[PDB]
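This view holds just a subset of the chains, kept in their places.
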Amino acid sequence: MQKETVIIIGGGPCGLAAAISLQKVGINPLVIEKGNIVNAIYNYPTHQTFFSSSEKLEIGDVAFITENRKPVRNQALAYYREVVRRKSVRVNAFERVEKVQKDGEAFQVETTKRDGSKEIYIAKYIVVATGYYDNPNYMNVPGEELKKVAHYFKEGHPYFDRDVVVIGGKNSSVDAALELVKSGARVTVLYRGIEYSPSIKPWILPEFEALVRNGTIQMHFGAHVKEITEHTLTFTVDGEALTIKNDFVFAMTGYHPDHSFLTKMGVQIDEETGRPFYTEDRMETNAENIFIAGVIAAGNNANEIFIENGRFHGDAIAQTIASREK
Amino acid sequence: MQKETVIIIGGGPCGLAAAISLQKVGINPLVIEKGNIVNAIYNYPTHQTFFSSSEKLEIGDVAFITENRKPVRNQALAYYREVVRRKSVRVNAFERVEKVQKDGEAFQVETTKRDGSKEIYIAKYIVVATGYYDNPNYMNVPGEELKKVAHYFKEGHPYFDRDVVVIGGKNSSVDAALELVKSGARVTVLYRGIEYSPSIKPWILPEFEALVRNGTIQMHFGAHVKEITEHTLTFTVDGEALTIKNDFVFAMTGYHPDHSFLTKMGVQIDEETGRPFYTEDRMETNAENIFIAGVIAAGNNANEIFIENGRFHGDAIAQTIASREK
Amino acid sequence: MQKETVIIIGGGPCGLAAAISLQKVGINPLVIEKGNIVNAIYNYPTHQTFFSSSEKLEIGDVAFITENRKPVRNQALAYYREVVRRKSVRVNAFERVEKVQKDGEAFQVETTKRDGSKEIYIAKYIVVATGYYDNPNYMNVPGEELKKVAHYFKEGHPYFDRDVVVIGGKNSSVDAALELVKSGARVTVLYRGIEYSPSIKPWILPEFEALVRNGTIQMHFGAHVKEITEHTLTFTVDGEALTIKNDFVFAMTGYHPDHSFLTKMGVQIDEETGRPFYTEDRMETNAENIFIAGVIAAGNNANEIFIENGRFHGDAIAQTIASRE
């Protein structure tokens, strides 16, 4: 089987950052990515604007210069392609890592390639950089399985003249709602919190709150969805149910990390905090030679880590592996 | 059954134009559309720019104002949503017309709604405005059924650092190849023709020719694809076969109208140029009170009907239907 | 001499709206504009975004559809050209109205053409729609006449690596300051007020406030500029003077109507606020058959009138003139 010094699981911004940090200390690691690079950004809404200035998304010292103050999805996609090209990062794309298990003082890494075939690698060190956008916080309500329900937003156009519910109260729900209004949908927002979430970016709240206050966006605080049918949706507020006409649902209920992936390879999870155990100055978990990078290191507050700070995890990893040599 | 004077099948630009033309003679017809309005434009590539100025896309005298010279996909989407709102066009969306059958002096139209249920309408006149983008020209080659083969192009990003073949010599083939180069794919173009088609827009060809001349795009004229496998593609030129490494295929071989749908309706087709029989000054087919509007009326390898001239078909239909309704 | 029923002075959005309103009652008036149509928007900052959605800028029922939520300068320019073309509004462009004088039961209108020649018109009714962007609120401090001092902002690029002061506290000041920061200028903002103006776009204030908080923008409330030199600027806060290094000044201190123009034609103005006297149900001034349209009706401070509501003044003018023939 194929031997690697380091395998990085995940080719998002923070896994790519860790690859480059390792290159700078003389190790050219293998990134294994189930889609192509920055798959999460590719799966952002088509016209998404970042909240970070573009300088704060830079990795590998490659300049990310923009004429506007904040970049959009397609600009970031172009940037990270150029980073990977200029730095010759090694990416095995369309390859899903299935399992990581101890094998002596190394690790066997089993994968599934695009055509369905299996592959096994031996690696001395592992960087888990898998993020969490693959794992929606499902509601587990009847009808959530219908095709009219989605946990990702792409574009508003096809919801023109339709009745649409957005579930959630954070920026993904506000962004989808505003795009849906612009596209001519009739929008209802349902949110379990009792007031506007303090996480809504201060430059987006004014427009959203104004559309709520004048009734353009119907908004139910303290709402808990109970049922989704093809043409209706039922929710409760203070235990009293309301049923509304509904064509499509965007369940913008957040995401969670796949901790079963970590625990199966020896990494412990800290209850109450929800973080994997790691030592910050190495970004090494409790499992020797298993490191983490990016938002996979966050706890119950999934917003602790983003690109601006997660892009530096690879620096501590590279310093540690370099000192240990191969 | 719901009674209608006119049913328009398809809510693309030309079907919507025909609706507004009928409004001017006192008939607000029912448009039945299997997605939402201008589904074909929604399914254009994300980066798409029109070759027409925006004035030539206008319908219903609704101004289409652009600061740039040529509109882009999302500008046209916003425009046609506002046309339908401002002109009160009646659209039954997410509803697919399955059958049109003469009943007496009217037509029975059977449909499937989004929830799978069936509807039946009785209409005095039919306008078929279904375009051709739904029906790719299949190459009839082993392996074309694989998921790695697409007959549509959407975005280039996930093909970064992949070996990609584009098949065809249409504007769409050239456009896809250029966007794939921009996205860092390694692009091979295969075309059965021996020279560049004269239909390639004269302002698009020089960039493509330059990338062929400097070796960036591998270009094979007189190429016929014989086989697609998961990892290879085999084609012949002058009978000599070549197998190349290949990850993904864009079969950009054009589209054709749904003649089966027309022939089951009673409409005759010309066998060598797939053009339905119709009288141009009425846009009425050989089947009494079944009209056509838009690019469906075109034949050979098209290039005769686009939005600029297809948007006026409804004027002839409306004048004919008005005469028979007074 | 050329005879007109109605002459509209100024071809900005509200003057054009007044023309289309009069068209709808059978009167196609003459618009006389010293530049070309919507000169004021043409002289907005290059990358300016409107605070109104595009539907609120529409006139003459001409659709103003945008893919984004707020239009930018170049989109509005394209829109109003198409309005004038599609509605066949008559515009005499590059023609400056110099005087309006009563002449029987009509008005003599004297103008200066682009080539320097003079022209005279007789109009039965006058609509003054001249706005205020032509007339900065000057600070009358020494050094204000130096070429390094401007009362308009266009683009930030050439102020890269330069020390720049922005004076004022309206959206124009905040927008200029942010663009200058993005362009690499070292920005100081000086404002005579003691808190943020409630007119600042609520979605723009947080970015500005964040840049004051982290020290990127030097912000001085209660500031009064006392002197400008080629390389310095002196201002006081609480009577304490501070002198700072300074290359360029953007005095974004607002604008006021052409008072000499209105009073010489017989219109009364309030000397403190600058507002002309008028009756809102007709938009007619104290001088019979002289009307006003647009932001000129709002004065040395304005704000209360913008395109959103000013685009409707012509309706009241049209109903009045139509009934009077």
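Letters A, B and C name the chains as they come in the text, with residue numbers starting at 1 for each one.
FYI, a contact is a pair of C-beta atoms (placed from the backbone, for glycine too) under 8 Å apart; a residue touches a chain by one contact, two chains touch by 3 or more.
Note on stoichiometry: the full complex in this file contains 4 copies of its one protein sequence, with 3 placed in the shown coordinates.
By definition in this document, only the chains that are shown with their structure count from here on.
Put simply, the C-alpha centre of chain A and that of chain C have 46 angstrom between them. The centroid of the Cα atoms in chain A and the matching centroid in chain B are 35 Å apart. Those residues of chain B that touch chain C in the complex are listed here as 62-67, 74-75, 77-79, 82, 86. Taken in their complex, chain C has these residues touching chain A: 69, 178, 182, 202-204, 206-207. The residues of chain A lying in touch with chain B in their complex are 35-37, 39, 42, 46-47, 74, 77, 81, 84-85, 91, 93, 114-115, 148, 155, 157-162, 183-184, 230-231, 247.
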